[PDB]
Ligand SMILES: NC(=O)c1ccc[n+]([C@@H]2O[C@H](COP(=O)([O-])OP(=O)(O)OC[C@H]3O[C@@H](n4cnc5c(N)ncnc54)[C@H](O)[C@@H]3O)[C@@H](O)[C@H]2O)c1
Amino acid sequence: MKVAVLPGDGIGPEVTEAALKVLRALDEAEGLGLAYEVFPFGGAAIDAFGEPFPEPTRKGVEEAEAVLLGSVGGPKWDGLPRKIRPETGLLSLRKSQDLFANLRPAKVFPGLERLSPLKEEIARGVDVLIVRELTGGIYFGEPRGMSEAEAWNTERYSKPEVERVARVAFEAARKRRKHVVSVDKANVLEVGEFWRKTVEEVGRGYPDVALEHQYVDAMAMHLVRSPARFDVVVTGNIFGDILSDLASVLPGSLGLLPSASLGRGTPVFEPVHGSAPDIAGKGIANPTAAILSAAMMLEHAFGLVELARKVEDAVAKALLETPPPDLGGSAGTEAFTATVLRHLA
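So, to be clear: I want the structure of only this chain, in the form solved without the named molecule. Can you give it?
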């Protein structure tokens, strides 16, 4: 199990090490053959190397089986040339490994329905994975322009772009509850219609996985009214962006959320939360998102789904047993990682 570990900035070192504590603990207990090396990325790399993604890290990410990424970014680097800012190294990293699917799961863990914006009864059992196409669609479409008189942008998708994101949806669903919802605007848009028939054609290779389709405006409505009804959700890039952010607020605790970017090259697992420089070194940073990113790595980079589940369960019990300051408790980083390991043992 070859991991490139890119802690980054701020709380990045702290939360990344908490996830490595879970992983080393599983490696001793099951013999996963863990091997990892820590590499400079982000602001630390700009300061030490002069660019956020230097060639040592490029090579190390190139040679690894997965990246456990921390958090990148800081005011010190915010004014730099776009070429070398922290935010841009994240895009260089995605590009180098041709990652075309962002996976953002939102889950209301047992006993934390209290944190949801939705009423308990709706929040109970939500566990949905949003698969967002990353490389195409309107942010990248041509033709595009603006004049004094008008502006234009093109939502364009080819059969390969849809097909590849559809297979990561289908494959992900097999590792969870065997249901996929593809979301489109097939009733008004050619893109919609084309997307739908390409996912339905791809669906055929996955007989063991159910597929239905929803129009995006009905899908936003269901994500507030009955989000517990969904397992995996797949859609294009801008709708994936709108629907991953919609689903992200449903647990009501944004710092808990893990992320993964999957593609042709080395996959990247990271927390959705930023580098939170303001509390770096205090040992209060909530590691839940970084430990859950480690769990997504086991599931999606090594196929160790059952291990991923076990880690999630330990996290779930820990959030109840010694809630972090974010959930109104007092358990600092170490203390919280400890009760996860304590449930893991």
Given for the second form:
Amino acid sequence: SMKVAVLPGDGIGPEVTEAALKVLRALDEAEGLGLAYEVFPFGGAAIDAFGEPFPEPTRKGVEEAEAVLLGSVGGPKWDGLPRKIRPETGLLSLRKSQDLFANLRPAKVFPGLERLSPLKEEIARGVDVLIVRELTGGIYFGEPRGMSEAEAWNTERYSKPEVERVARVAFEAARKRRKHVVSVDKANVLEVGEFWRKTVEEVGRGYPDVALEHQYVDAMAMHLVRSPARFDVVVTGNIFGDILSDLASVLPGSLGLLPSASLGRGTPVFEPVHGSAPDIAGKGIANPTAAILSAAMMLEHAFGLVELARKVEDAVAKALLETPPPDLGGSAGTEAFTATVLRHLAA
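Got the form solved without the named molecule; could you also share the form solved in complex with the named molecule?
For this one, just the chain is written down, with no partner chains and no other molecules.
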């Protein structure tokens, strides 16, 4: 029915993950999802227990599952250690072993939460944009690449199958939202841009259901500050995606609000944007919105349950208004806010 690997890891990870589970448990019960999950050691919580960051039962409970609900990893106790044993590269091994080529990051400014944004209210109102970013190609992994005394070079390269697959994801995401996709390239100057555009156009042919439009990267940066509310789904290569999803991530005005999904060949991974936050670890104050919204994401993208995920979304939106956490100017601790999410979910 619903098989889930839970990797809470380090710091606030365990706390915010436990919060998501309450929500998932509340759902399973009232809706009958047949939720099956197990908990797996990960990051520094595993380096202490299995001399490794991403160990034997975890590697395999990952392959076995239909989805991975990740907390966050790293901390104070684990600083300045090898690329071998590093928590932050356990993340990279996890993400690679599943061949995850697409990163989906939504920035939503919730009703009533306009004041938080660094944009003026008028501009901030009604922003909900899903940036989809190609993740295993582009300039970051392109060749030729090198450096000498005299110069350095790097290659932004994309092949047809790399653009196609990421574009379908974005197209499939659009079918479940508002049926509008914007594709981002540098088509007026670069051969890769023009190749990107044309391929996404070819893929679009199979989705006349979805409105498709093309924006250049430099002008996309003007639009996300000037009128971000105009967008639904946005798809782009790796470096532009990095740049523009980071840009969009600031629009809501709190890091604790940001969920992430990573899709591909293997087992999908849902996780908060934020880190293990050892500065506020175990003070009972960590805002679980990001992990819960990661659980929502897990429902829509790994299991087909789109109406259910919108329920979790609507529950979370109402709670942020009613009992805002400290990072929002509010006063509600993790526990009390989760209970607020459940009151709304029980209605």
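In this text, rigid core is short for the largest set of C-alphas that superpose within 1.5 Å between two forms. Residue numbers count along the first chain shown, from 1.
- At residue 75, the distance the Cα travels between these two forms is 2.8 Å after the core is superposed.
- Structural comparison between these two forms after rigid-core fitting shows the C-alpha of residue 283 displaced 1.3 Å.
- Here the two forms are laid over each other by their core, and the C-alpha of residue 149 is off by 0.8 Å between these two forms.
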